[PDB]
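Asks: Here is how the chains run, residue by residue.
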Amino acid sequence: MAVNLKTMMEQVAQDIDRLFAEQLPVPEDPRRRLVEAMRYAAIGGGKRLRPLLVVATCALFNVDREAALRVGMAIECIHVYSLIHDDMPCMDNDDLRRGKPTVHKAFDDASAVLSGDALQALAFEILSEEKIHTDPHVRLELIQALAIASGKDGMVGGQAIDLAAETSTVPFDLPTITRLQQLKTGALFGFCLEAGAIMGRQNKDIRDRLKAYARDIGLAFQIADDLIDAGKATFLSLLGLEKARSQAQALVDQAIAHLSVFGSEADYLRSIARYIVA
Amino acid sequence: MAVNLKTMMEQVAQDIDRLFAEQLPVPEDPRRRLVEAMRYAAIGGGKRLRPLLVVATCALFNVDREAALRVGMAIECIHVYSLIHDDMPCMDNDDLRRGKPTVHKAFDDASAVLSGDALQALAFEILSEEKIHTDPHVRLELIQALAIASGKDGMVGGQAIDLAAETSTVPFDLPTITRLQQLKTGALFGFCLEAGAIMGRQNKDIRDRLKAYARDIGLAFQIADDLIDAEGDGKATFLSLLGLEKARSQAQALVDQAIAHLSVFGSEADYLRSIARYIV
Ligand SMILES: [Ca+2]
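Chains as they are written, first to last, in the deposited numbering: chain A, 1 to 230, 248 to 295; chain B, 1 to 233, 248 to 294.
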């Protein structure tokens with residue numbers, strides 16, 4: 001099961017890379033720097049957790065594979081742009097990323113701002129195209145979901161809470177850092193899973209179960225990260258080492274449990290929760 | 001015509017303020033600052049030129065007025081976020097915009113980055129809702145058009161060309177600054193006019209006439225801007255390249271050209287006609 005996953009992963013990574021290169025031809029005009037920055041940030045980089053989730057979820061319902069990949073690129077556009085902006089000096093001020101210089105270092109601050117801005121627009125351009133799905137109602141569902149997942153009630157909202165924690169001398173509580181995770185990383189994860197239910201025209205019960213999986217692995221992910229990282250409150254600082262470890266493991270079990278109404282079609286999502294999140 | 005135009009402008013301004021206020025409730029969780037930054041930028045502008053164009057174009061056909069206004073809010077999301085990101089120290093460093101301190105000044109740099117980021121997302125959320133149009137294809141057409149108009153092949157692409165001009169010692173030529181305008185400001189104007197055609201379920205011939213109007217007023221607007229800014233005093251501009259007399263006459267000709275695209279409409283197009291003349 002870990003081998004079928006490790007190879008799904010590689011197929012996904014090379015496909016997303018292909019899609020981005022194809023989506024981002026370098027224009028023969030002064031937009032050259034902008035698009036080269038977009039390609040620099042979007043191509044080659046991450047392990048494509050988000051496109052992977054989209055592909056693995058769409059596989060529950062035998063969704064058109066190609067369209068599933070493009071939805072993957074759309075969510076990855078949002079993820080990548082968020083990283084470009086997060087890395088900037090006024091934010092996390094990071095010099096490196098994938099062992100490679102961040103956009104504002106390789107290019108400049110303004111190029112980082114604009115390349116991120118363009119990638120957000122591109123996510124919606126991609127989702128909007130007819131190749132995604134013939135049912136227009138479907139495409140609208142994906143677009144509304146992504147817009148909510150990306151903005152003030154989603155990823156950016158989470159970024160903002162994180163910024164508030166860093167600039168406040170009042171330590172946050174467990175409910176607030178939980179809400180922080182739900183928005184900062186959980187919104188995009190939730191989109192990945194929900195996109196599958198949408199692409200498959202599934203019912204509320206199935207939609208709810210997939211979003212619960214996303215909810216639970218997202219939290220497990222952050223708890224694990226709060227452990228790996230070792248002044249603001251964290252799951253480690255609030256739960257302590259022992260309970261944080263046990264709660265991360267419990268969340269993984271829970272995430273898998275949400276998929277229990279599925280047969281073996283849900284096996285990729287099971288593996289993702291273990292051999293990646295755990 | 002200018003009298004009704006002023007009235008429409010004041011009305012659109014009030015409506016857009018109402019709509020943004022309703023769209024942006026302030027949470028008591030730590031997202032408070034983000035949303036207050038969004039409200040600060042979006043509310044109490046602001047001539048709302050882009051909402052005005054949407055409203056005046058939808059008026060050509062039988063489009064629900066509140067729906068037209070919401071599309072106006074959506075395009076204004078893109079415009080406002082673009083100003084927030086443009087004012088930042090990384091870009092133009094403006095501490096002020098029409099007597100109003102910029103977001104990074106009233107708040108901080110990080111809040112300006114995020115409030116702009118959230119506003120771009122908000123534009124697409126707004127367009128996706130059924131409130132806009134019962135027909136799903138109308139909404140999808142608007143969304144596709146906005147994403148193209150906003151990104152690397154639109155507004156941000158234009159922003160990039162401008163940034164390239166400012167950080168190079170090689171003066172751009174007429175073709176390049178023409179492309180610069182088409183993208184930097186022309187793309188959003190194009191959306192405003194095309195949105196009216198889309199909301200009105202209009203044919204390709206009508207859509208093209210409207211986009212041609214946007215193209216012409218957008219160029220005229222930039223030429224007039226190149227003129228205005230010069231009156232109040248080294249990258250190439252329409253003024254530097256064309257010279258004073260040619261830039262003046264071309265701005266004027268472009269207004270006439272913009273209006274001529276509307277010759278197939280009756281008095282319902284008077285707002286758009288006035289707006290074009292106003293852009294001078
Ligand atoms: Ca600028």
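I should point out that these hints are in silico values taken from the structure, not numbers from a laboratory.
There's no promise every hint is true.
What the hints assert, rightly or not - Each pair of labels, with its calculated beta carbon distance range:
id, chain 1, residue 1, chain 2, residue 2, range
1, B, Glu166, A, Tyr292, 47 to 53 Å
2, A, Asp225, B, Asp94, 35 to 41 Å
3, A, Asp173, B, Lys204, 36 to 42 Å
Just so it is clear, CB atoms sit at the ideal spot from N, CA and C, and this is done for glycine as well.
Asks: For each hint, tell me whether it holds in the structure or not.
Replies: Against the structure, the hints:
{"no.": "1", "hint": "B/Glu166 to A/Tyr292: 47 to 53 Å", "in the structure": "holds (49 Å)"}
{"no.": "2", "hint": "A/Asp225 to B/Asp94: 35 to 41 Å", "in the structure": "holds (38 Å)"}
{"no.": "3", "hint": "A/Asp173 to B/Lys204: 36 to 42 Å", "in the structure": "violated (58 Å)"}
The earlier numbered hint that this structure contradicts is number 3, and it is the only one.
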